[PDB]
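Engineer: Listed below, chain by chain, are the residues.
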Amino acid sequence: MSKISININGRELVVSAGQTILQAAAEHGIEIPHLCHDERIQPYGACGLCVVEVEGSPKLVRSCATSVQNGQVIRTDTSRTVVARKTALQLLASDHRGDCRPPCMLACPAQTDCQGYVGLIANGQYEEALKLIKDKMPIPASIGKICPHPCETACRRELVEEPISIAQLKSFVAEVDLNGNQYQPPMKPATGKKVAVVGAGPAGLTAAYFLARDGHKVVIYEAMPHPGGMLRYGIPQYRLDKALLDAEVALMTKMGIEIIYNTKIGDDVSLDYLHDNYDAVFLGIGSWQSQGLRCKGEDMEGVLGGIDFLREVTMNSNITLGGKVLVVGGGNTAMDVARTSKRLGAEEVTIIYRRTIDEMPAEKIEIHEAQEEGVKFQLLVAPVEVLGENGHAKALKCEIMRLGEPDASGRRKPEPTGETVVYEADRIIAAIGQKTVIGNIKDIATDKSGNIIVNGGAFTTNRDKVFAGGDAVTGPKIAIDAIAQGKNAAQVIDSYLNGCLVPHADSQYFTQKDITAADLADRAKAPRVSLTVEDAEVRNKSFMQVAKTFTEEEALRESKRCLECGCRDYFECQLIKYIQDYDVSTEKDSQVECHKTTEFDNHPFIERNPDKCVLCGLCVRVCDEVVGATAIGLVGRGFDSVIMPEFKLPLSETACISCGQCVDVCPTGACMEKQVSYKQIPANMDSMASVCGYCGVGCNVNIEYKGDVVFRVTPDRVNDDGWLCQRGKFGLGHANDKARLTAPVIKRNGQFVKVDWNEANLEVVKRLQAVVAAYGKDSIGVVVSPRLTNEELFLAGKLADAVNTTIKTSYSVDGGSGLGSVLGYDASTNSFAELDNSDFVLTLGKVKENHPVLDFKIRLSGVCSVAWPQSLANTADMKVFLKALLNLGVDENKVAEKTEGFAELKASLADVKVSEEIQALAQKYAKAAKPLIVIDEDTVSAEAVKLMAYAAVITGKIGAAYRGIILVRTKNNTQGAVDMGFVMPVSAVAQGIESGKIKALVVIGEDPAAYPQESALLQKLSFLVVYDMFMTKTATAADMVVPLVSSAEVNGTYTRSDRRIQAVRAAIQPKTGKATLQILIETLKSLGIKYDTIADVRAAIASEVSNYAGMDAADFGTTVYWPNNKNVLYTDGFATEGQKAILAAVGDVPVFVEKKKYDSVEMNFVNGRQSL
Amino acid sequence: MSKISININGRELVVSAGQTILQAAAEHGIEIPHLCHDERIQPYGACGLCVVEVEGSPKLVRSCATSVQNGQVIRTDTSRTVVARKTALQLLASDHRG
Ligand SMILES: Cc1cc2nc3c(=O)[nH]c(=O)nc-3n(C[C@H](O)[C@H](O)[C@H](O)COP(=O)(O)OP(=O)(O)OC[C@H]3O[C@@H](n4cnc5c(N)ncnc54)[C@H](O)[C@@H]3O)c2cc1C
Ligand code: SF4
Ligand code: SF4
Ligand code: SF4
Ligand code: SF4
Ligand code: SF4
Ligand code: SF4
Ligand code: FES
Ligand code: FES
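Residue numbers (the entry's author numbering), protein chains in the order written: chain C, 1 to 1172; chain I, 1 to 98.
Treat the hints with care, as some may be off.
[Stated by the list, open to error] In silico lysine to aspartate or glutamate, EDC-like type, Cα no more than 16 Å apart, as pairs: (1) C:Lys674 - C:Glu564; (2) I:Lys3 - C:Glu39; (3) C:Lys442 - C:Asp272; (4) C:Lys296 - C:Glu389; (5) C:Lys397 - C:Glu385; (6) C:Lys596 - C:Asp519; (7) I:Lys3 - C:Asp720; (8) C:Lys136 - C:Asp214; (9) C:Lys1074 - C:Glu759; (10) C:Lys1126 - I:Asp77; (11) C:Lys930 - I:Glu55; (12) C:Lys857 - C:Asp720; (13) I:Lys3 - C:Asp721; (14) I:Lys3 - C:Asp836; (15) C:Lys342 - C:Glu372; (16) C:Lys3 - I:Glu39; (17) C:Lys930 - C:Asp836; (18) C:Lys679 - C:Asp708.
In short, the hints are calculated from the structure, not lab data.
All chains should be built: construct the whole structure from the sequences, respecting the hints.
Structural biologist: Spelled out as structure tokens, the structure:
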């Protein structure tokens, strides 16, 4: 039928009927904007960004709410749709208030993400901080050491106290990585293009770095014996250590960049040579000519430039200074020359300038350091005449000025006074400024000041294939400007090499400019970290460093003080994405009203900001139509429309479940989830696909992390439905806990002593062997938790077998659900995927409260779901239900053939009367063609499960598709623990403890000792081992504790409630050193069973466990079910001894007794809920 | 369509409406014999090796010439289909020379 073939945007597509055009274009990779669209709920039609032009319809049709037909023509980028989307986005931006990026990053010329790496330092991830920094420059330590930090001026912490020392943190992290493992960023595969870079300054080095990172081959031609440019030959040693720069350039050279020294372009190698032999040329020559005194007698011997003097100082040449030195100028050159001459044996140095101290262009810190060192300032003075004798200059004549009106740049103009003064000197150094010289390079256009003329935004000179940047274009400026220009020019050159030149253009962000000190009166005040500066005694005579780098403690203390000004949703916000894509300006107005809120919702998990809302309605639609709590709703009309909780109450006082679906469907930053880490940040986080470790539903999750810290959890919308509950969303926060154990401890004299892993292994094996020797067989019980993977449970069973015991148990499993004795397998007879096609679902227990994602799925399915009444708590009512089902005409012959003991059961129910409600429920179950039963194991006794199985068996609604019993378990791998044999009841363990038969216990991940009776039972032991993550109540009373890792650091598999085996992948490396599987493998190697890796364990599981045959090549990335990869159990008969269902009479039953929680993680979550 | 989804041979499959059960089983890697079937032309119904057992229908249905519906249970290796295919292949082999 050429499956519904359509034509969109000129292309021909094959799609499926009943879809939406938006879904089809997403399937075939065509981008159509949308904000209020979600495929799992009904269309809303609010934004209007998804309008497309369909031939035959005079008006625009929304692609989110129209069905694909055969042979329709669609256009998504016509002028009408473009202007409609532009208008909608302009109207949306007229009410949106926020900071897309913090002021500190926007003030930096290179746009380095200061908030991101400051926050990453505050979380203790230094390598990730350097990975953030090195996306914008290749030399972070030097730049952090010398930058005048314009970013630090714009920091909003200035509104409270001194701002964050951003540059010192950058230098600290760069030095910590240089002393440790040097980072090399990944490179694209080689493209074969050749780029020649003239000059190895910051601009040239940055261009070469960012061009070699794109696969090209870069060669640097340098006119000096060492690389660095004015960072080497202009910055003195006591401010920037040259060894640091040499090490950084060596790191860059290790990437494959060839630097050719002693080669001057124009004098030694012509530029035509580079033009002919290379695919691109980038000129980063910089400004290297000293301005003269611009006065009479400036050519006299004894007057030298500041730049040449500094270069001669750097090359360790022979210089002459004499006693008295006069430096003319006020920039950074004058300061550096003055202090260098002070360190070079000059007894007195004088600085001469024309404006006030307050109008010096140098930094105030450098001026104060120079004043402390001993250089005297001579003020309000300009050059007049240089007086000398016999070709030697000894005096400088000058005029005295006076203060005048401020200029347009904010500095007071000097005015002459007519007073002359002469100054004695032995050397005069002119440090007025630098000027660009082009040298012998020809056919390059230059401006009136000597700078290279380039096309703005494209960095192209008059000559083709030749580019320029840095001080050659902007004149003398700070180093970060040169780095930014080099990076932008590298991007432009890379685009040019691909055949299409695109100019560099800035981006649009939302910014807020009304923040004042009165808005930050609730913040605490913390003093800034002072810098340790060497005393003025040693500074005046030596060239060593005057300041020391931050220590780790100081860096943490400084970094934990940021305010997090930026938006946390920036890297996933769609409003800003469409604003950048559709060229919409974010500048505000004054008359238009953006309503500013004074909201206060201190919910511990959910954050709502009404200012960033776009009224897409996804959050309220999800919370009503899926979750069903309806904790939020719309209030008002028009501009007063706002989404807010029930009766304007706080979200904590309403029916909210903190599931986080409203957070996960929001397209902007209005709804946000709270922070799992120590200090959360806006960042591009790595994602790992795993499954939830709390319930038997086993929802797939994506763990978003940065380094060794997990930051958030999101649903997996591709492989599952994409729903989560509070435990899945906010439950991985124990992986970052600082109270986790790190090394095993052995008790001696009543105190725990830290031991090595080998000593721990020896101690546990020898003590277990001693217990076995002293008390014989069956003296050891193995108590495990159902949270462990399949391989760890199999290895624990192997350890139980090899230690000569049969007591393997769990407090959570506590003997299983009782369905095993009737049908043969203690497992669900149907999968979750069959809840969609059933026509009746009967729920037993609190399925909604305990496993809520299953309730979401049942509600979205729309099938008729009837809950078992609460006023029927005893099983006499279930016996009445059985009698009512029997009276409705069941086939007795088939149930006589396929079951054992049907006649006795029928005789037992002979005198049972039937009530009306029971009759109605029985009728509803009887007329249903394909009825399912969903039983919550947390709130239903085993005998009720047996009676429900009897009801399903006698009606013949079991053993086939879309009919049976679905049983949801308490924990993630309760089914796996059942399938490995951990099905012994706990009462046997208690009795064996109190009868003296059991002398030792091995507890893996459980906390039985939190209750007084079990603690009293454990106190009568002889040797107890606890494997746990935390020093719980049980581990305190043990004789030996071994740490465990969390579910974010383990590789393995989990068996779902419906017998589905899902792979669990490790996001971060084990913080204790060894995984649980490794610990069990070494213990079994000590006991004499040899396993190497997880493949051997999986092969052993396949070859020893009966129903997991095929796990060796199972490919757990797809759907794997353990009974012969079948969704339905008992298709060819039950799995009992005689292939018949075993029906046995059950007695009178009291009200259900609520079960307890024994897994340490699941009680830690409950206790940590109360902390906020 | 929400999800046209079927259950064949115990497994749960997601399919597309308007197809044949033979095409769906080939899509999901389930082997059903066929000799006179081609997806690009009309069904013929000659060999009979494509018969499957569908719940609700008392007689065998040919998977090459039936449309896939929602929530149907299909068995392709029951004893009746096995003996039918064995008989058909025994009758075919009674005239084949080579
Ligand atoms: C006294 C002084 C104080 C300073 N203080 C600061 C400060 O506080 N903060 C700060 O951030 N920066 C400071 N700087 C540095 C300066 O502000 C910038 O770092 C400057 O922009 C360096 O970048 P650039 O691109 O110009 O590189 P350059 O340093 O100009 O690099 C040019 C390179 O190309 C080479 N070259 C030149 N001509 C040719 C040719 N024809 N062929 C081949 N190679 C050639 C040069 O030898 C050099 O290696 C200071 C500099 C000086 C001199
Ligand atoms: S380079 Fe300068 S402006 Fe940029 S982050 Fe570092 S200190 Fe701030
Ligand atoms: S407080 Fe932090 S986020 Fe805000 S401007 Fe300062 S460094 Fe940037
Ligand atoms: S929600 Fe989006 S548009 Fe609004 S401030 Fe955050 S990043 Fe910017
Ligand atoms: S967290 Fe869940 S229940 Fe609470 S408001 Fe959001 S969607 Fe509704
Ligand atoms: S809070 Fe978020 S999801 Fe809800 S209407 Fe506003 S933008 Fe949409
Ligand atoms: S329902 Fe259970 S398995 Fe699913 S996310 Fe919640 S706690 Fe995890
Ligand atoms: S109107 Fe369709 S995406 Fe909003
Ligand atoms: S394949 Fe021949 S009858 Fe269907």
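Engineer: Are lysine 342 of chain C and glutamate 372 of chain C close enough, with their CA atoms no more than 16 Å apart?
Structural biologist: With a Cα-Cα distance of about 12 Å, the restraint between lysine 342 of chain C and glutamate 372 of chain C holds, given a limit of 16 Å.
Engineer: Decide if the proposed pair is consistent with the structure: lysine 442 of chain C and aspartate 272 of chain C, CA atoms, cutoff 16 Å inclusive.
Structural biologist: Judged against 16 Å, a Cα distance of about 9 Å means the pair holds.
Engineer: Has the given pair, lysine 679 of chain C with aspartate 708 of chain C, been kept, meaning a C-alpha gap of at most 16 Å?
Structural biologist: Roughly 14 Å between the alpha carbons, so the hint for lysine 679 of chain C and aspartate 708 of chain C holds.
Engineer: Taken at face value, is the distance from the CA of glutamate 759 of chain C to the CA of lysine 1074 of chain C at most 16 Å?
Structural biologist: Measuring from Cα to Cα gives roughly 15 Å; hence the hint holds.
Engineer: Within a Cα-Cα threshold of 16 Å, do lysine 397 of chain C and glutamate 385 of chain C meet the stated pairing?
Structural biologist: holds (5 Å)
Engineer: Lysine 3 of chain I and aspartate 836 of chain C: Cα distance at most 16 Å?
Structural biologist: Cα-Cα ~9 Å, so holds.
Engineer: Keeping to a limit of 16 Å between CA atoms, is the pair of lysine 3 of chain I and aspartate 721 of chain C held or broken?
Structural biologist: holds (13 Å)
Engineer: Between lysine 136 of chain C and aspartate 214 of chain C, is the straight-line Cα distance small enough, at 16 Å or below?
Structural biologist: holds (14 Å)
Engineer: Under the criterion that the straight-line Cα-Cα distance not exceed 16 Å, is the pair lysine 930 of chain C, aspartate 836 of chain C satisfied?
Structural biologist: holds (11 Å)
Engineer: Quickly compare the C-alpha distance for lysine 296 of chain C and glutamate 389 of chain C to 16 Å and report which way the hint goes.
Structural biologist: holds (14 Å)
Engineer: Under the criterion that the straight-line Cα-Cα distance not exceed 16 Å, is the pair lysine 3 of chain I, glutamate 39 of chain C satisfied?
Structural biologist: holds (13 Å)
Engineer: Check the hint pairing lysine 3 of chain C with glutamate 39 of chain I against an upper bound of 16 Å on the C-alpha distance.
Structural biologist: Given that 16 Å is the threshold and the Cα spacing comes to 14 Å, the pair holds.
The structure meets every hint from the earlier list without exception.
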